[PDB]
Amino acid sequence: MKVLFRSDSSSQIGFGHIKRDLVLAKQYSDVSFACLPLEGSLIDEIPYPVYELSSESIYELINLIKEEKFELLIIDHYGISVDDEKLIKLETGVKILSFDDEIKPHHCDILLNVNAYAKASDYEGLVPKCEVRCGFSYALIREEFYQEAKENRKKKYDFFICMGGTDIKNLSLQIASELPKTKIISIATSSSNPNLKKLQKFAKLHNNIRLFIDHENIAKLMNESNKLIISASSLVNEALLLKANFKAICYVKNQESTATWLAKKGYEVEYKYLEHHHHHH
């Protein structure tokens, strides 16, 4: 409709914003991204025009919105503040859809919280007229999962481990390394994983660990595993749709709301990897 996503990815930030944004992007026919060129970004994976920002100045973003006459700005970025959104609105009049994950205020026209814990009432007083979209109704799930949700798979793995795109803390290794060596384990990670070679070496020491790198059918892997061990973000919605048995790892502070809700719903949740000694493995 002439839409711009403001979202970054990198080795540090992770791929989670861009990946979910790509699902949402399918809703619109004229889509562009505005990204900082950062080490390890997904800029070349993104199949839409990507405007490269020369600075973190909010006025550079404002310039791009004015010059290209974008009609909707989709913000999926922890670094864009309420004051920033206010300024963008004042200076451009663009419509703003803001992603939110922790229940924080936004100056937006559409608030989008894709996490199953979230309810529109949580945003009373935190948003402007704003359409508040919260919860599992608004999950951003790739099509393969809807297909796979209909299958009833024979189980091939005792455990499926997936920490997401990058696993900067290298939790996948720590988790696998302590599970009994009599348990059949699948691990899914990307070829961009900074500790991949180490994960491969570890797998070689054992007979029970199978690695899947840039796997095209993660849904089936999940469906054929008895228990999942997943980070507490986008994978949670995918796991819920598959009606999987899973343990959720609160990977970063911002997943606390999801983790808290999962525990209330009776899922096992682990918070210890937030502790400083677990920041690397």
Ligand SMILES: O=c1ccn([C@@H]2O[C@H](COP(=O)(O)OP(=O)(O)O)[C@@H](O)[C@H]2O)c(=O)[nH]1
Second form
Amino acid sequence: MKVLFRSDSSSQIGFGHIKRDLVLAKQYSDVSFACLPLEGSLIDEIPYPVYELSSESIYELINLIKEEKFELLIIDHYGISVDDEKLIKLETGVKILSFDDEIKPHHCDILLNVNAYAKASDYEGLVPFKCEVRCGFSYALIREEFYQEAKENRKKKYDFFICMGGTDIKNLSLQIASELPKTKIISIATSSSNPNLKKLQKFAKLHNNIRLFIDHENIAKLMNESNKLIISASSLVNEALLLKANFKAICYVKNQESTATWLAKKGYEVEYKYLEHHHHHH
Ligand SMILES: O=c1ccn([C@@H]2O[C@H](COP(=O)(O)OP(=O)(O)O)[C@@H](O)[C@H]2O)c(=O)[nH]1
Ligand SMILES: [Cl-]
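Can you now output the form solved in complex with the ligand? The one shown was the form deposited without the ligand.
Full assembly next; the chain just shown is listed first.
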């Protein structure tokens, strides 16, 4: 099939949707993306045709599907609703694979929840009658380096690895690093789309126990070189699970609660305080 991904990335949205979509894209031969141009997006990192959307109009997406005759639409977008999915189906007849991370209803032909917590039974009554439900770690979308890395034995170089996802809008990385002993060696990974980058670099430069890695190409290596991870309850969790890492999870935003709950149940430390509004910036 000709496949279209509808997915955004930005400083605000984070990188998780596009990054996992790029792993999924390797499953298909004729791939395109439809993206809004947004500040801090990964559009320049997407090695496929990227249709630039001029608006958030669901009809603009429908027009693109009809005109280019896409046969599979992969939706990985918290802003595309069940009603939007229904409308796409009605107007185009395209097959729809929808990502879900929170246990919400979708009108799709395949429901994909790549998170370890997820069970097909979570979606009873939440999907259409002919929907194939794909849930759990057997459907993890993880970059090759993590598989390559779970094989190698590395010497530990860091006491802690901190990664709050691609962009860390609340600057939790600074707050979290500030709580740790000055004698503990701390790696921090973030991207150049982090809107707190200048402040984080200033902070890091003052503390010789902190090593900041910007736009690092091998997060797996950094994790495997670290004794303990402190990570958001996001894509990083599946990555850490594959590497059998010791980690504490931060429930960054409400959408991460399903993962957070499961991790607590499994005996991992899970921190919820940063959900509170006074932690919106550091
Ligand atoms: O500096 C970084 C920080 C994160 N990541 C990767 O980007 C993804 C972040 O997605 P996630 O769902 O964890 O968080 P989001 O960015 O959506 O908030 C994960 O696969 C990380 O391994 C990366 O390549 N470089
Ligand atoms: Cl890959």
